[PDB]
Amino acid sequence: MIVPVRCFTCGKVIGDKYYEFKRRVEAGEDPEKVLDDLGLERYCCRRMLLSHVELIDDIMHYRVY
Amino acid sequence: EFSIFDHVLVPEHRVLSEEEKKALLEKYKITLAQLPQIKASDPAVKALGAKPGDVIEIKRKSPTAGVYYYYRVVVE
Amino acid sequence: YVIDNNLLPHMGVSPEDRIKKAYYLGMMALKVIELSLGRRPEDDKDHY
Amino acid sequence: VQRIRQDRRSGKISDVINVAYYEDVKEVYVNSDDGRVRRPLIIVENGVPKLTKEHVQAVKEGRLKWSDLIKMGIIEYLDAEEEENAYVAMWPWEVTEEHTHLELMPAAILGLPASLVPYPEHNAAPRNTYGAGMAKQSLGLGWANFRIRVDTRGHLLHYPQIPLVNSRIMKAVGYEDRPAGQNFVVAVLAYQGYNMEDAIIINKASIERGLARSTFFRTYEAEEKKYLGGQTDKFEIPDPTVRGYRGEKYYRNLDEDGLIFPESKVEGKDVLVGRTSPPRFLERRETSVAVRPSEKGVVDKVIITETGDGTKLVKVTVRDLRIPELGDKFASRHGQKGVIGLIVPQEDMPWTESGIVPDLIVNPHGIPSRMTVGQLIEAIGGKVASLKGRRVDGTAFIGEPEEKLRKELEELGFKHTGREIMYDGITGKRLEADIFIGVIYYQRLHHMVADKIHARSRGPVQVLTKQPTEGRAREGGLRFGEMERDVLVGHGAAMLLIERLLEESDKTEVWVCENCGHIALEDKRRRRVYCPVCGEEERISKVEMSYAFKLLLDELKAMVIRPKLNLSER
Amino acid sequence: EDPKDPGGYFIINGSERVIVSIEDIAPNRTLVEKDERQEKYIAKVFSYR
Amino acid sequence: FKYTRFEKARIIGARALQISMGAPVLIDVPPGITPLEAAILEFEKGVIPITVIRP
Amino acid sequence: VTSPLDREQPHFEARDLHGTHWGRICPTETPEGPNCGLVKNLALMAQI
Amino acid sequence: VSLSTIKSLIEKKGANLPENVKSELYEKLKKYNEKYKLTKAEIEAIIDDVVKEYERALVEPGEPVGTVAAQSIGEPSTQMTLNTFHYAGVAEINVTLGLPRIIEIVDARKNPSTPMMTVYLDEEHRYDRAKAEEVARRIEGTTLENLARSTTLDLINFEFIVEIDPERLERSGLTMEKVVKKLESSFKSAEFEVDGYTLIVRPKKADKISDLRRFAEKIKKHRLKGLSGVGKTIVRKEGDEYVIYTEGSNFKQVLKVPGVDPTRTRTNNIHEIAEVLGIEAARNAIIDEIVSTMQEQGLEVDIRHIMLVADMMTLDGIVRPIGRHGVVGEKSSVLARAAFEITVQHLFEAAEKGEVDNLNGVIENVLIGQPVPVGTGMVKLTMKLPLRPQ
Amino acid sequence: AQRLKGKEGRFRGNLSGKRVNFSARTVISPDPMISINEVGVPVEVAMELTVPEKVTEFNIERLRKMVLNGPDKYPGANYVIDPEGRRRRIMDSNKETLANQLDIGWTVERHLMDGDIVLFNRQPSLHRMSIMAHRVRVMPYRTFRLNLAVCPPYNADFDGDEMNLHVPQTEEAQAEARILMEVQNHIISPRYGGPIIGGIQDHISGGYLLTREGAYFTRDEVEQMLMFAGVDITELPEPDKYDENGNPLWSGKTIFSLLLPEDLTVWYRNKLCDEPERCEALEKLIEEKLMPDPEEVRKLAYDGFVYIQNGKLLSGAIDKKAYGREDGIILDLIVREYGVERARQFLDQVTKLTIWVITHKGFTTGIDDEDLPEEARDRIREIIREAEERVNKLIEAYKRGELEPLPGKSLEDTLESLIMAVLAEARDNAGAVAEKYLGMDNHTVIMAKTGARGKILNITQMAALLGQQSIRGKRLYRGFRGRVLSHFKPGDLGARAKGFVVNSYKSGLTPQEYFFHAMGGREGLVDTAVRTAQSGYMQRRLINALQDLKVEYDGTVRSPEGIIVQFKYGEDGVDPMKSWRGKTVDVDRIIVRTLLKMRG
Amino acid sequence: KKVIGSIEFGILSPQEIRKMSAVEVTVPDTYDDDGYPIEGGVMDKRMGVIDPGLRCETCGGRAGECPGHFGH
DNA sequence: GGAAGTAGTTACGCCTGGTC
DNA sequence: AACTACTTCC
RNA sequence: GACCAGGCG
Ligand SMILES: [Mg+2]
Ligand SMILES: [Zn+2]
Ligand SMILES: [Zn+2]
Ligand SMILES: [Zn+2]
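Order-wise, the sequence lines are chains L, S, G, E, R, A, Y, F, W and P.
Here the authors' numbering is used: position 51 in the first sequence is 51, and no number is missing along the way.
One gets the authors' numbering by counting positions in the second sequence from 1 and adding 5 to each.
One gets the authors' numbering by counting positions in the third sequence from 1 and adding 292 to each.
For the fourth sequence, the positions run 536 to 817, 829 to 1116 when the authors' numbering is used.
One gets the authors' numbering by counting positions in the fifth sequence from 1 and adding 146 to each.
One gets the authors' numbering by counting positions in the sixth sequence from 1 and adding 1 to each.
One gets the authors' numbering by counting positions in the seventh sequence from 1 and adding 438 to each.
One gets the authors' numbering by counting positions in the eighth sequence from 1 and adding 1 to each.
One gets the authors' numbering by counting positions in the ninth sequence from 1 and adding 301 to each.
One gets the authors' numbering by counting positions in the tenth sequence from 1 and adding 1 to each.
Keep in mind the hints are simulated off the structure, nothing from the lab.
Ideal Cβ placement from N, Cα and C applies to all residues, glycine included.
Partial list, derived from the structure: chain E residues whose beta carbon lies under 7 Å from chain R:
id : residue
1  : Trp678
2  : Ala679
3  : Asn680
Put together the whole structure using the sequences plus the hints.
Okay, structure coming up:
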């Protein structure tokens, strides 16, 4: 849905890094280099950013009022 | 020449006398109707002189007890 | 009625379709005879 | 036949036409019917497939469509009859002059849930079947429309994730836009015997951070039914003077209109739509709608609307937060089902020399008997994908080979076998063996233990047999069948059989006339017991028997059979 | 509505009903087989109209 | 005289049922003991008033 | 895809995978129990 | 300690023991006395331990043996997943094995789906394959169609033409003239002319074509040699002994042909065993066949359960099924029979004859809600009233 | 008529089997830390289901406390019944008065508490061990808990399994359950007279890791494992070795011997016997005097020969032969010579000990567990190549008429049988090569040779060729005419074209081999349901035929009308549950035991 | 209190059915418009009552307590 | 003896929903 | 449907 | 209440 605030495994905060990672990867930079620059060294943290889906945009359209 | 009693499957049969039949019936407190029955047309019965109403003692040759006696009444 | 409707309805229900029913039945009989002679294998029912 | 297929490829004949011949019996079959399952193939002529590189480039650039390729005679549709005449190759380098067709994609022979499985050819067929069947029971954002949809039951995983090792077919279909599951860090070791026998050990800290979290939706419906004669029911908070009135506490959240306010916490047996119906007892009866006795939650949405006939209709949706607990069923795409056998704190979990803590632990004893090498390859691929920052292709037959994954894992700075040096959390010393650890895509199934637990001390009974009702939804009792009766008999338990089958289901007392054997009659008005069949008053005694046996006596006394009963003194 | 929804189903009295295809035998095609009981060769056809 | 499993079960059940209806315990038992446990303690000690009859 | 045969009977020939299912019916996706082999799902390349 | 004193003590203190237990104890004590010097005290202590362990292992009265036997046979059948099995070798015979075999035996089939007999041989024909193949030929029933290489019919001349393979005739012992001699007397008014290895039949009484076809069917189906109902026969070796396995079933005829050992010949058909050898032999065959079938699948079930089932199956003097037409159908209780399978038929017929249900069984007492007479349901209790707490 | 007959009719649906009160059902989860005769009950179920306890002299205080607690607090009660039979639900403004008016002779339906007896049942109910009586142990979460050793009787495997819990309500029923149906009993199966309640996978593998050759443990590990197992001990035995740093080390055999009876003595060969010469040497040493010098045995100690002497393990490794679903030598001897409480104590202690060993020592399975060197791969490749060439030669001979039929079958069946024999032999040889090359230090091999989980066939299919697939005992033939798939030439009878999969699971299957394996798996999955239905019907028939047969007080077996079925049960009078693997008495075991007892 | 010693099965005689019955049924109806059972119908209160609030004419017991009675 | 007919069965629970 | 077993016409 | 469908072990 929306990017998790913390890594499920070790609790490192990765909420802010997702949008930077997405824009840098779309810019054409190497994903490994981007993830290293962001500070995610453990592959548990890299799993959180690499496998996340922004589903909030696709469901914001329907309101419950 | 060949009797069915020489077969390995067939255990040895024998007809009990009246005294032995009475002792058997008293031992288990049973009537002849409470015993297992063997048909009078059975080959083992015919190989003997057994007639309906008679008790046959069978030496079963058990695998667990070695020998084991089983009793059957003759019916028509 | 059972000839025109209940036997080979796909051929037709009019008396004009009776003859084509005869040809189809003859073809089916020829197939069963060929199976009797062993010239053809059994038809698989699970074959798609 | 050659003319037919040449005409079809030339385009003058429709796609639906298929033709085959049989040299054995000299028969040519032409099919143009409906309902034939077909598959596409690339036409190969004289050892050269019709499809070329420029066709592929045109398709990639959007200049050419699939229907175009079918119309030009490049790709052909064959059913079983025409395929009988074919000699299909499976790979482009396998094509010879004797081949008639080439396989477009051998990985497309699988179904969609079966295509969800990565590396399916490294698994045993039963486990592939289990994984394909369990892929349809996972929790995730199935549809973005769920919020305003009215459905009897639904689930919503709070943080769905893309499988790190995934087939390209899953992206082409659209499964990536609606993922169902998460990537776990899985260590394959035996831990305190709580993952024994296909059980699963999970991390408490991971759960508390959102792993496998979900919400359960239930939509209750209440209609203002219009009976004959203008006798309608009313949406209202009923006064205690109405018949069948529940406790005044159960109407705590109701509004004067008769409907429960949204976002109000509702627990079991609390009403949502206060409703009263016209009296039919022999004051207005109550027919209000309350939540199911074992279900709680928060009222997410209350809508009001009008039926087809014109009566008012209200739908109330209750959402219950389901944090994983012991007993909840988890599965992987490779058919490894299991329930949470233990929830372990993070400080008790083992950790790796690289600082990696498992989110889940699986016993190694479930690996060899099941022969799921695909799960190990998927763990290796998931670790490699996480380390690289690029997802690993796990397609059925053209995916990344295991050797390439092992070499890449070696070059990334980790052991090529996937084993890592791990430390015991409890004692602090490293384990003697190197532990296999990786990333496996686990999915939470909807078989939650909260939706299955049931207990019935005593409750409603069926009118016909006086035995307990059936079902978790209606305080049912568990069926102690005849197989369990034989089990009890084989133990020699005679009084326990009496207690389980007579006292606790339908024990009753009947009056039997000793003279006739029929069932005597007791006149509660005249305070007398007698047998109408014979008029006896002194030879009457009670007997104790199950109500089902009295009913059986009734059905035997019907169809004209006399079950005379003889009594004994005990 | 979800744009990902593919349709192909009906809504009957508010409930979504999907019609599952049925794997019937090919109509109007005769199949030959052996009874193996009376040594009788049997050839049957399912004619549809 | 050696009791069978079924004779032992019947004796213990009858003794527990009697105890549950006010029959005094023939030994000393810890407080909070359930009547079945009291009957089992009685049997284990050996003070068994109930006698089984055989054909 | 479903078959009209009764699920109770042991349709050994009808519950097994056929060589003609290649590319038409999924070889692995089928329910466990009585419906095994009698309930089938289409392959991704299948066209009807 | 002398060797005869061992047997004397066994007979003295171990009189309350089965005969096989005494024999085994005697042999084992002999061996251990040969190895180690066993004193009198050790021997007496061993005897006492043996008798105590035997007394501790005796079955407890009131035990529900029948339902335990039923459970211990039915439960392994869920893991009888081997079912059909095929073996590759020179000489093997097809035979139903596994769960269908157990169902066949317990249901007491009139004739199994794959009848098959094990034929032993006497000392005169049990040590050479050449001397056994002749008696196997004497057993196998072979007809003209089996011996024929091909068939041919000429209806215009009322001619039936039979091509015959010389090789299988060499392997069947029958010569062409030997084939035709008995066929001549089997059906009269036929030429029965043999042309080398291609016999030709021209019946003169076949006025119609269908008459010639019926004559051809009769001639093909007529058995030239062997015993009726017997098909393919194979030869196998074990323990330096050659035995025969047949695809047919005919017990008495096989026991009467020369060369067979009449003391060991067997049959898969239990009913035929009973009719030829007696009810006790049928019970023994049932027991050992079920034991062998369980052993082929690696499942271990105690022999005693098999004995109980077989003895209950052969309690009426005949082998009868276990289902509604057998042991269950012979139950005296009306409600017990009506609970199993056919219910309205049993109740209506019981009402017709006015049968009484004495409620002496387990099922009916469960139906009514009264104690069953098994386990704790057989224990009668008595009590002296005056109780004095200590 | 429809009301009466049928599975849903009156007789089967409401008389033989019927729904009952005071029952519960939920998912089961493992719990190695409860005894074998205990069950973990959720607090919700304990508060819901009640046990009617008539208040007496001794339980007046406890029932007063639980009436005071009421239906809300777990150690409470729901209803109070006066001697007159009038029942009152406990609620607010009632708890104090009802507690005051408890008196004596009243009935109080109290909550389940620790020690209560219940019936636990996973109900495909085939044998009498499908229902056993367990002691209640109340647990926080909402799932049933079950000890791992009690799984084999229930056939439960914690993959979503649910089991029913029935609470007996009368004191007679409670006594019947606690005396006849408790899980301490029924350790020995009535089916085969062998242990059915034993270690399954982790207990066996941890026992092997404990008792194997060269397995040593530090002082802290030894103390921790002994405390975890529940073994009572105040002093460690003398250490066996000393580390390079001087640290004392204990052998696994000593730790295992710490929980054996001090009189037990037995020897046997387990599944880990690969060199029979060493076992023969050990047996020759033992047979000379029956009390060999312990150091002499330690000189010739072998992992494939278990030899316990006076409760000390002197040789051998713990295997499935020590304790298991079948053929548990040590467990059988402990349950037959020392009682049934000693067997339960030993089972609990050994399960906890082995679990600790396997947990803190590390047991894993990875990709490397299926790896083979280049030489083994080449040998397997040559095996398949020779098998394919042999099949080609057979096909060519059959095409030229050169082959002649085997007796009992036609030419086609002869060729088929020969081809299947060749393929099976090739699979066996490749599996032999894999077995030779993989070794005993591989964890996948360890759990297969010790019987913990998996057979040699699984390792062969995972590290070497999959072998020939088959349906109903025949080669794969269902498909197109003259072939299986349209990727093979019609009329082909070769190995690959008919289902012979030449790839391992590790090497990955080709699409043709994948379809062939799918066919094999489908035939197995189809077989399962048909087999279970047929077996269920046959079991029902057998039970309905043999229900009432019982042993009378004179030792005979009689029909309800009095007909004698057997004059002595089993023809010798020994119950199969109490027998020694079907034997009346183990004569040699008794002789050796007595001779060691006296001469020792 | 007694226990059932045996059950004898027979065929009911017409006089047995007439005497055992509590009502002779003539009207082929179940309930009236208001919701009460029709006298002479299949649901006559002389055969027992199942609807709460009704009373049996043969026993006087309420629904769930009246065992039920036969008609002919 | 056929040669058809006829009848009788075909595991045990459990859960969900939907329509009468 | 697919098995058995009777029954029952032949 | 019984019918259908889908699952679970
Ligand atoms: Mg399970
Ligand atoms: Zn992290
Ligand atoms: Zn009367
Ligand atoms: Zn009444």
